[PDB]
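There are 2 protein chains.
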Amino acid sequence: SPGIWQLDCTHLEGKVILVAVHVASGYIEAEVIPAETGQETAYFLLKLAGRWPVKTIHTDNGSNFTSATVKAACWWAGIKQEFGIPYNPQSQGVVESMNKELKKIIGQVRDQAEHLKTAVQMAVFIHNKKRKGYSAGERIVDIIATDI
Amino acid sequence: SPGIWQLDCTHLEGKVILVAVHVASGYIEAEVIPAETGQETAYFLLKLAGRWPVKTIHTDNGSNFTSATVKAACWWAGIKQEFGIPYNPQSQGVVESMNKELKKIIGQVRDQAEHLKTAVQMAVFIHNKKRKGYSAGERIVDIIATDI
Ligand SMILES: Cc1nc2c(ccn2Cc2ccc(F)c(F)c2)c(-c2ccc3c(c2C)CCCO3)c1[C@H](OC(C)(C)C)C(=O)O
Ligand SMILES: Cc1nc2c(ccn2Cc2ccc(F)c(F)c2)c(-c2ccc3c(c2C)CCCO3)c1[C@H](OC(C)(C)C)C(=O)O
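Chains A and A' are the protein sequences, given in the same order. A prime marks a further copy of an entry chain.
Just so you know, the first sequence maps onto residues 57 to 188, 193 to 208 in the entry's author numbering.
Just so you know, the second sequence maps onto residues 57 to 188, 193 to 208 in the entry's author numbering.
Treat each hint with caution, since some may be false.
[Unchecked claim] Each computed DSSO-like pair below joins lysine-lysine, with the alpha-carbon atoms no more than 27 Å apart:
(1) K173/A to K111/A'
(2) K127/A' to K160/A'
(3) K111/A' to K127/A'
(4) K127/A' to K111/A
(5) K111/A' to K186/A
These aren't lab readings, by the way, just hints derived from the structure by calculation.
Turn these sequences into a full structure, and let the hints steer you where they fit.
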């Protein structure tokens, strides 16, 4: 489904990186957030939902979607709650692979910037433009355009 | 051209809103930034360029693209410098109209949130999904997919 995104946080240098993966394409949106809080996740979801047609959110940590602020963002944006991760052999290992690739790229470009957030955005850019043939960026735009 | 974006800052409640308009579609990306600085504009451009294929940036304030940090972001992302705004009757008034519409929507939803940044993201969501027929969100994905 083109409306499914998986959101997870990863920790690096005492900072938190919120990583959203568009499951059907492997496209990533990421932000360095001041703390792993419900208010940060809610704000991130409102931004994401205004940029792409988000129908469902998945995660490897269900408790991060329990706060009143996150429930309010999903209610307002019309995003449906997902219990666990439904078995889908087509997307098996895709989210883990995209997160592994992003982490590797961050490590590879880290010394090119002072701030971790700068290295993270360089890594998102490299990841989204990398041809695998099409790139994740080309794939998401094709998937969504064809779904419209 | 599908690679042209116009970036400008607007001021509201003592805060700064950086508004990026995809000129061919009217699609918007916006963020509330802590101050009108070169480092904030540079970071915003790196994020934008990793999400969409940005070729050229326009603005109504040329001096905001003179810092070493902004020049570095454009160099790394391969974004070309534009002197003034070239005459294009097809896009006449589009950026001004999109900014006017965003400002009106912010005013309309402002009392639904505590934080201005929340109202801004609600406004971006409403703007991008509004059918004018297609929405700006549907138009950008069609323009970029067809350009690929
Ligand atoms: C924090 C920061 N400063 C930057 C720069 C560029 C110039 N300067 C000024 C400067 C002057 C003298 C130095 F000795 C020095 F080390 C840096 C980028 C920057 C901006 C864009 C960019 C890159 C860099 C390094 C790398 C490739 C992708 O695009 C930075 C940068 O921080 C912001 C993006 C927030 C401005 C950083 O983290 O280093
Ligand atoms: C700051 C903030 N808090 C929120 C909420 C929701 C619950 N709460 C807790 C709360 C509890 C008791 C209250 F009396 C009270 F006023 C708010 C949103 C929020 C989150 C998402 C959202 C909306 C709201 C209001 C409006 C529609 C779009 O989606 C907020 C919100 O701030 C963050 C998004 C940063 C969490 C805000 O600015 O109000």
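Item to check | Index of numbered hints that the structure contradicts, given in increasing order | outcome: 2 and 4
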